[PDB]
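2 protein chains.
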Amino acid sequence: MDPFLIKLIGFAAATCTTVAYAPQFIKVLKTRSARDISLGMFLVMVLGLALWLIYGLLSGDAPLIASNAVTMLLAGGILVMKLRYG
Amino acid sequence: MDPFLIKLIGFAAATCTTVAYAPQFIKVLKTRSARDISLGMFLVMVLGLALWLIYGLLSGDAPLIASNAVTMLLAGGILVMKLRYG
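Sequence lines, in order, name chains A and B.
The numbering of the first sequence is PDB author numbering, which starts it at 1 and goes up by one.
The numbering of the second sequence is PDB author numbering, which starts it at 1 and goes up by one.
Keep in mind that a hint or two might mislead.
Said to hold, decoys possible - Computed beta-carbon distance windows for the label pairs:
id : chain 1 : residue 1 : chain 2 : residue 2 : range
1  : A       : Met-41    : B       : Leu-5     : 25 to 31 angstroms
2  : A       : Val-70    : B       : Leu-5     : 28 to 34 angstroms
3  : B       : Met-1     : A       : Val-19    : 19 to 25 angstroms
4  : A       : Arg-35    : B       : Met-1     : 29 to 35 angstroms
5  : A       : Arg-32    : B       : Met-1     : 31 to 37 angstroms
6  : B       : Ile-78    : A       : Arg-84    : 22 to 28 angstroms
7  : A       : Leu-53    : B       : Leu-5     : 16 to 22 angstroms
8  : B       : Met-1     : A       : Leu-53    : 22 to 28 angstroms
9  : B       : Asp-36    : A       : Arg-35    : 19 to 25 angstroms
To be verified - EDC-like, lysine to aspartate or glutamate: derived pairs with alpha carbons at most 16 angstroms apart:
id : chain 1 : residue 1 : chain 2 : residue 2
10 : A       : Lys-7     : A       : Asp-36
11 : A       : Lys-30    : B       : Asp-36
12 : A       : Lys-27    : B       : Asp-36
13 : B       : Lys-30    : A       : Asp-36
14 : B       : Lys-30    : B       : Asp-2
15 : B       : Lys-27    : A       : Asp-36
To be verified - Where chain B lies over chain A, by a calculated footprint (3+ residues, C-beta under 8 angstroms):
id : region
16 : 19 to 27
17 : 31 to 37
18 : 54 to 65
19 : 70 to 82
The hints are simulated quantities; they were obtained by calculation from the structure and are not laboratory data.
Heads up, the beta-carbon is just placed ideally off N, CA and C, and yes, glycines get one too.
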């Protein structure tokens, strides 16, 4: 019945990107982005993440669940990007 | 036995981000990134994606499998980023 042990193994491997992804998100902010960038692209990505949470639960996978939580917190860099506007 | 129908549903939803993510990748290139950016972060992300393919197959999920294939092709934007070097 979809053993939880599988989720743990996936997280362990995904940890490399997840751990590296978090700091990488901040670096993107210093990438000197312009306001003329379509923020709509980022908004869509967030929508997929929200849905991925449901799918992740159905599979009992941790990487998708943990990624969604981590992304939400790290995503906070949205305010920084929005600063470029106006 | 992990019905394939589940993978199809996940892809349909993930299609929003997957479809939007592809064009978003190109836009990142025009983000005026600097060579002083740690490319190592991107390298690690790729490693996780390669492993995710195996995990994705184990779950029979299409979003992870399709994402890996799409990312590999779209990732090609690596050469553009490498151009900043030197």
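Hint check results:
{"no.": "1", "hint": "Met-41(A) <-> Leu-5(B): 25 to 31 angstroms", "in the structure": "29 angstroms, holds"}
{"no.": "2", "hint": "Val-70(A) <-> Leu-5(B): 28 to 34 angstroms", "in the structure": "29 angstroms, holds"}
{"no.": "3", "hint": "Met-1(B) <-> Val-19(A): 19 to 25 angstroms", "in the structure": "33 angstroms, violated"}
{"no.": "4", "hint": "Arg-35(A) <-> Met-1(B): 29 to 35 angstroms", "in the structure": "50 angstroms, violated"}
{"no.": "5", "hint": "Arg-32(A) <-> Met-1(B): 31 to 37 angstroms", "in the structure": "50 angstroms, violated"}
{"no.": "6", "hint": "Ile-78(B) <-> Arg-84(A): 22 to 28 angstroms", "in the structure": "25 angstroms, holds"}
{"no.": "7", "hint": "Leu-53(A) <-> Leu-5(B): 16 to 22 angstroms", "in the structure": "20 angstroms, holds"}
{"no.": "8", "hint": "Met-1(B) <-> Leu-53(A): 22 to 28 angstroms", "in the structure": "24 angstroms, holds"}
{"no.": "9", "hint": "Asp-36(B) <-> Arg-35(A): 19 to 25 angstroms", "in the structure": "22 angstroms, holds"}
{"no.": "10", "hint": "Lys-7(A) <-> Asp-36(A)", "in the structure": "40 angstroms, violated"}
{"no.": "11", "hint": "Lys-30(A) <-> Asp-36(B)", "in the structure": "11 angstroms, holds"}
{"no.": "12", "hint": "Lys-27(A) <-> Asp-36(B)", "in the structure": "11 angstroms, holds"}
{"no.": "13", "hint": "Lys-30(B) <-> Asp-36(A)", "in the structure": "11 angstroms, holds"}
{"no.": "14", "hint": "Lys-30(B) <-> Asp-2(B)", "in the structure": "41 angstroms, violated"}
{"no.": "15", "hint": "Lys-27(B) <-> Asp-36(A)", "in the structure": "11 angstroms, holds"}
{"no.": "16", "hint": "19 to 27", "in the structure": "holds (count 5)"}
{"no.": "17", "hint": "31 to 37", "in the structure": "holds (count 5)"}
{"no.": "18", "hint": "54 to 65", "in the structure": "holds (count 5)"}
{"no.": "19", "hint": "70 to 82", "in the structure": "violated (count 0)"}
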